[PDB]
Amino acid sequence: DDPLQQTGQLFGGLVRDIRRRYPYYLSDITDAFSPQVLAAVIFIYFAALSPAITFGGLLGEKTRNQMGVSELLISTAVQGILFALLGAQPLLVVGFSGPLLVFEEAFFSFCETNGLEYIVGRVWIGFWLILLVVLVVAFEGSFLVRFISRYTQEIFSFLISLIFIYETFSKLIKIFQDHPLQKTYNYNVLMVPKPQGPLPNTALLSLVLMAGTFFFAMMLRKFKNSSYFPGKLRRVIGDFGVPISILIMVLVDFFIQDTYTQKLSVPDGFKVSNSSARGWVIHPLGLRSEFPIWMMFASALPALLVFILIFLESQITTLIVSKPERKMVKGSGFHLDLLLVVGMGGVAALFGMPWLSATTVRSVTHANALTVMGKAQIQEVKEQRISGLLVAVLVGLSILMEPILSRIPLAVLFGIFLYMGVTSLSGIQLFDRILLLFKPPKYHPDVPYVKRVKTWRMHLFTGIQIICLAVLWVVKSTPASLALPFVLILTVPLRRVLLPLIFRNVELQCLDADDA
């Protein structure tokens, strides 16, 4: 019955995933007919869009607009639509992550140094990724995901959430660096491409709009859980908590006419970011020069790195989202989700568009947005395809709705990203055990890993996971940032080999439990 059981039949996992979820397909339309779904669509849209605008911007900077915002928005939309319809876990938000950006920047620098075309280089990586994922899904390689315990899951989940929060603050700090609090400013600053010098009030208003949006979001989260107003209205206001926080703080910025704040910019229409470099279809054999056969074969090694990058990112996100603690009854498919996400990425490369992955924060945020809460415990989860479908479509239609987005500050969305980052820590026993380091040992909750485990041994087990978070944080920073997925895999040996030397069996079963 379990998803991560090795069947024996070639593509046995893929079919057993399709046989499981597609029976509840009519449910996946009708379960979306609630207002909490509509609220989630508006929330996850901005969570989905702004990274595509940002990473797209960076891609445009890093690769001389050979790939950019236009290409990433279109990829995010088409893969998002297809995955929402055909996927095993529609709650996964498919998009572009940092580790994928680090590879594009790395692969561009390679392609430059060796004097071989970059965008056609990615097509061949794409073909290898299609070859690998079919081979992996054929022999049910996603069974190995079962060995990835809560230990590795939470270290990953917690790290990703911390980095999200860090980068959200790094974005705010940057505004203060570009628009410092000076005594005097140049009243003449060209604003066509970007502010050409520091401006008054921009940095502090950015802080106020971020702080304000985060505050309101967290108060309407608290109001939802409170016992104020009629229950019907209390949920309607509460579920539309984030959309309401955005609307009012967007309106607050709109009425402030004189002060400048950075808004969401999108391309004018649907065209490639550099028309002189490429078209909509990338030629394998080459665009200008002859693409060499040495790299056509050698592209396997980059593709094997990209596979490991998408796989762990996506399969650990599928583990976190489809865990027994949450009320996911429809069922998850680790084989069909891997096949589409990695498969589409390969075909996306053929059109010069970026391959994507089930991103951890956006997926958790989207799942957490569709969870109805009782009392505190989770009653059920609104598992349906329409949230993801409509989000993916809106990202597609973001170019058409420029007049709407052009009056939405980034500062506002930075408040929502902070809310996303904080909220993502909720269902993580690592973060729970980190707060127990500060609580005295007579205020710890009545849980399995407190009653029949010694408090100093609990804290040692927590301490070892911090040392793993610390080591993983140093890697992502250093030039060995694409080696972080391999460092995270090394936490499986740590749990399976080393921890049972210092700890006993009973302690590890209670600390690292599959279901609690």
Contents of the next structure:
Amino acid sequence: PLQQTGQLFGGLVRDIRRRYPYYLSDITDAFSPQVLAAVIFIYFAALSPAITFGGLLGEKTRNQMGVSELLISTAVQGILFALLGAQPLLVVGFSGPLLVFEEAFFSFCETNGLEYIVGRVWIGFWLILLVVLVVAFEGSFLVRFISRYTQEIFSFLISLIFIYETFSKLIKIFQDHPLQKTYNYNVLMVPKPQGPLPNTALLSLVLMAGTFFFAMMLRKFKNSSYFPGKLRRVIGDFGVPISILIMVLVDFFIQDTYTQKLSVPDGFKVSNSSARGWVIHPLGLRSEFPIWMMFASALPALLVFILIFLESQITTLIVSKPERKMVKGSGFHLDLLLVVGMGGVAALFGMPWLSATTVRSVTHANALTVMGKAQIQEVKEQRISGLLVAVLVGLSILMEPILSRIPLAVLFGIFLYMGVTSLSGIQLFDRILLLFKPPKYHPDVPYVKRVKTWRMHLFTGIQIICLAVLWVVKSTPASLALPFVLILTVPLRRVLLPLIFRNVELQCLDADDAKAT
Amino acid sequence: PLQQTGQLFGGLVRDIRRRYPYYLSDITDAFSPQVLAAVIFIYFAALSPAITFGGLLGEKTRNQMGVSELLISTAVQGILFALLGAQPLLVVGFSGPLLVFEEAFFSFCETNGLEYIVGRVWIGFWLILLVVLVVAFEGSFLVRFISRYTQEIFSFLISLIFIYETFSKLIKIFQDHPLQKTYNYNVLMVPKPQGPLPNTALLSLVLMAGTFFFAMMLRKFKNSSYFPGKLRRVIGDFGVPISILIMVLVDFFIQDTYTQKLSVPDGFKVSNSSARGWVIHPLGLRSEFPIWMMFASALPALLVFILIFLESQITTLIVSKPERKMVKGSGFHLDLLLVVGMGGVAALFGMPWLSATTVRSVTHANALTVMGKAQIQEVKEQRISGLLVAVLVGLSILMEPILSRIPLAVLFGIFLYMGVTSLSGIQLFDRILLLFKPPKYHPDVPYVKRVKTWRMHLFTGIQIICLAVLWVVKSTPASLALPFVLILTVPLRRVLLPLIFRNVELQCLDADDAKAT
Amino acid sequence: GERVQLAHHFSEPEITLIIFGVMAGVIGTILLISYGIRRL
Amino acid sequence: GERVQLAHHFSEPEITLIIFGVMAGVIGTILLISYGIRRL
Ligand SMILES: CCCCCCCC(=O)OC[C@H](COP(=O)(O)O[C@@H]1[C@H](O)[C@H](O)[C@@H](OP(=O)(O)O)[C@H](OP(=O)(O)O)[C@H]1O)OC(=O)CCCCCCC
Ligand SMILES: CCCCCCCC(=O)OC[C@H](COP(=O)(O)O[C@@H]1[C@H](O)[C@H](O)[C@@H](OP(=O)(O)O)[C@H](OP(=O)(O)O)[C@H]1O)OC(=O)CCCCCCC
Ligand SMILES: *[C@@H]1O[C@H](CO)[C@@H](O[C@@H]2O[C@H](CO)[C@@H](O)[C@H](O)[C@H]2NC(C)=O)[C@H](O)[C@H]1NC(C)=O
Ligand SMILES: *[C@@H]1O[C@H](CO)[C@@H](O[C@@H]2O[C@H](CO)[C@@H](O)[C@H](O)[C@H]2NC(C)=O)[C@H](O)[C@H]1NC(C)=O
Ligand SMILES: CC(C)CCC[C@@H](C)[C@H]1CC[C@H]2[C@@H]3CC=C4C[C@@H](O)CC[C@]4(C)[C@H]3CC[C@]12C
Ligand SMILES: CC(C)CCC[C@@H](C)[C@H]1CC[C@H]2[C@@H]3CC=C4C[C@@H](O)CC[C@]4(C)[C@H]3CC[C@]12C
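Could the form solved in complex with the partner chain be shown next, to go alongside the form deposited without the partner chain?
What follows is the entire complex, opening with the chain shown before.
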């Protein structure tokens, strides 16, 4: 999939030739209850980041882009990606790096007297030109140099960041409503409570812990020896929906105590009708857009292209490992074209550009993964689940009476489940656990039986230094430089690691398919 | 042990000859950190029921017997039993049935205008007569007719009641401090809060769940492959003390919210100094005690003897199974003599009579059980752990500053841990879990590979009927008839079961040592 | 004891010694009777 | 649009058609240059 043909758009043509023959199977393979349970899981897993990032974006850009724009962009791009993409298991949505870029660009436009939304339109115009050229010259063949080293470092870092943010949300909940001896019983509740409230933080903790506990218990019950196998596996597939239902019911039957719920906009309208409409004029809304910024938009377009490219291509690498039993093929050129071009077009409507998010896509792949009699047997590779998730995200505004009764704490427990279960296939997480085990308990794997214990521990420790370096970069104002520092790991594996490790050691420790050299 | 010699006091003499040669080993075998962890565990496991039952007893008897009397009786009888008993692993203390008898006898004395404590003195006088005659005629040889059937019904019922009471305490906490929108911030706190308080019930639930979680996780970590083995086993041994310490610190660093704490009396004094002293005159305190009630106290004495005898002897049977690897021997005749005689003597001092409690003693045995490399390897059989537990219970009044900072919710989580871990050795609980498993997953055991699955399920469901009938009796005013309904299971096993089961099926199912017929 | 208690002819050690002696006599009578039986 | 917006000579469809046309011309020029190279 990563070979270079030498023909213009050759990689694009190969990806369509590889995956579109399976299009009929991509509809029939979805006829199973596990696909529906995956739909219900990934619906919340995709809606909650949309609502949170839409709120943050509306706060940080004076609602020039907000919740409604993000929901509509997510729905439309998800529908078009599920209908046309070459790896339908990817989940397309907004991410943290994109939010940071939006903050930086809004600050830049505020400093230079620029219209932020028109600048986004021109960045999107330059994004279309870039992704067409990269796909034309098969630029996605460079993904082959991202080995398991860089992939697993990125995956472990993103999972750790996800878990950290999930816990920080609960910490913020505890800070807003602390445990106090006395409370002001007359507190304004609209739009949000104006002071601390009793029982709120502790009940949020109880809801989050209970949701995580029920999800993990039903995941264990799936592999258990209890009940008939068909009924057991059906309940196990519906583990997350059942956990969400149980905890939402628990919160519903507790009336007096306040908990924060999901809040969607009233209708399909722009977040600021006093600022912009549904179509943004590239020449400007209030003032004339300067000519120099039309060409200077290439540099932010280069940065956004790099961000989306690295995130989406590494996510495609992670979800399409040979050891995950994906027997239908993935298209690196076609998916990149679709994602970046849809983002560039959506910029014209004042809507965010999206990326193939790693935690959401990995969670989607795991929810569709079938476990045999342990060992991965197959994956329900189909387009219906992602299409339904996107459709439900688009319909989220209309189903407010249902979403308004779902607490955020339940979703926090679901996020914790997603974060812990996203670490299963990572060999870096496995080797970190080996640091806390005696060498006689190390598994029979090629990087244990062919590599000395302290050599393997040194290899793992070098990766941890990269993890710390990347974590520091994120927690700095220069957090948009994270893709470049991640890229720097590729020379580290290919130039510096052979200086201290032998070839057989590196083949055992950095193997594309978990092979014994 | 259960053979009848035919010589007067023969079983008592044989028990002394069997165990007292091991007395030097009974002191040297306790030189290990596991015994210290067991002491810390069983100290709370014995102190908290003492305080709770003493408070209830003082409420129900107008403090003629209270917390201090129960603490002193528990301490003295535990010290004497650990120094002299042939099964030092038994934990001696107050139980629910004894509280029910105290309630009934107090009501009887109140109706007839009798001094309750003097009637207790005469009951204890008749208790010494019964046990001496039983020990003289080797009456503890009737325990051989109590098979695994009755043992496991009793053990499962007592564990179920323990778990149910632990959960009902949390339910009572939630009822006392319900979740409300508004609270009266000025609520008097002495002696106990006079109105609902915010954050109390939710924090109590959090502490209970966290203690249970840390205890179970440290128990898993004990058998895990992480850390050096010696350090791992040491940390696993102290899992309950570490969980208690963690959650007590967590509650300590929360200053604003109220949680109910351990409460011990100010000093070693009678609960009601206006009612009685330390020594109760058998002829009467305020009014001349009638002569007829001196002879009529035999029937309550027979009831108390049956209660204590069944509880203590079934506890000795359960803890000293051949499958639990007790290679030092147990004395049924000596332990009964010690328990009942000490109870009769404690009656003279206005102190409760005690019994070998089931969950406490099973927890004590499991804390001293050493596992192999799954398989029970040995037991740290010694006298020091029970002696130290009784000494600490006696000194619990002097260490009020330590106990007053320990919430009851942490102890609730520890009680839940004790209840769930007390089900490990019961084959009735194992067969109940087989009611929810496919027969292809049933273990390779004699009662599965030699009996048809539906036959085993019929045998299991017959026991569940017995459990339901016993539970109904407990929830009725005639809960003191529970020992007789339990004894009725022995005719059920020895008479009615052979009518519907073959000899081979009964041997595989109801086996004294889990052997293949 | 405590507060004001009724005055009995025997004190607490005296009455408990009398009761223990009566109990020991009853136990000894029972044991001697049992010794007589199973022999004739 | 929304509120009061400055009037431009080219409307939104006209301006986006112009931008896409210039983009297509640039892409075609780049592709023709690449085709010319690697042959001589
Ligand atoms: C509510 C369910 C119905 C209740 C009515 C209760 C009546 C009732 O349900 O009995 C039918 C069925 C017995 O039939 P049976 O034991 O043969 O069923 C086997 C069971 O389903 C295994 O799980 C299967 O293996 P796996 O998992 O696929 O690997 C196995 O297929 P295979 O792979 O070997 O070829 C099946 O054969 O039940 C049970 O499974 C016993 C546990 C029932 C527990 C009682 C139900 C809690
Ligand atoms: C905080 C402690 C300080 C650690 C300092 C870090 C330095 C450090 O402690 O490693 C050296 C030492 C290695 O020595 P080694 O592997 O031979 O130790 C084996 C280990 O203790 C096993 O658990 C034992 O088996 P089991 O369990 O009884 O069945 C086994 O005994 P045996 O039965 O086979 O004869 C022991 O041989 O310890 C470790 O085990 C590695 C765990 C590293 C994890 C350390 C994570 C902190
Ligand atoms: C919608 O946009 C308008 C204009 O961009 C915002 O009005 C501005 O509000 C900020 C906050 O006080 C200040 O700069 C001025 O009061 C307004 N400036 C102008 C030029 O109008 C309005 O706040 C936005 N609405 C929301 C909900 O953010
Ligand atoms: C200690 O005992 C005395 C009696 O020995 C209790 O005093 C009685 O209290 C009850 C409850 O109202 C009533 O019968 C009378 O008020 C008292 N009767 C007598 C004869 O004194 C006293 O309440 C007990 N102490 C405690 C704390 O319960
Ligand atoms: C099994 C033990 C309790 C012995 C059985 C009780 C009977 C046999 C004995 C034990 C002690 C006896 C009491 C000892 C002393 C006196 C004082 C005397 O002026 C009247 C009779 C009276 C009150 C006795 C009545 C009978 C008595 C209660
Ligand atoms: C890569 C994408 C963004 C296209 C490349 C942008 C450059 C080469 C082109 C695309 C469309 C062009 C604009 C189209 C329309 C006009 C209006 C006219 O009164 C002045 C020139 C001006 C403003 C052009 C300047 C150059 C321009 C911005």
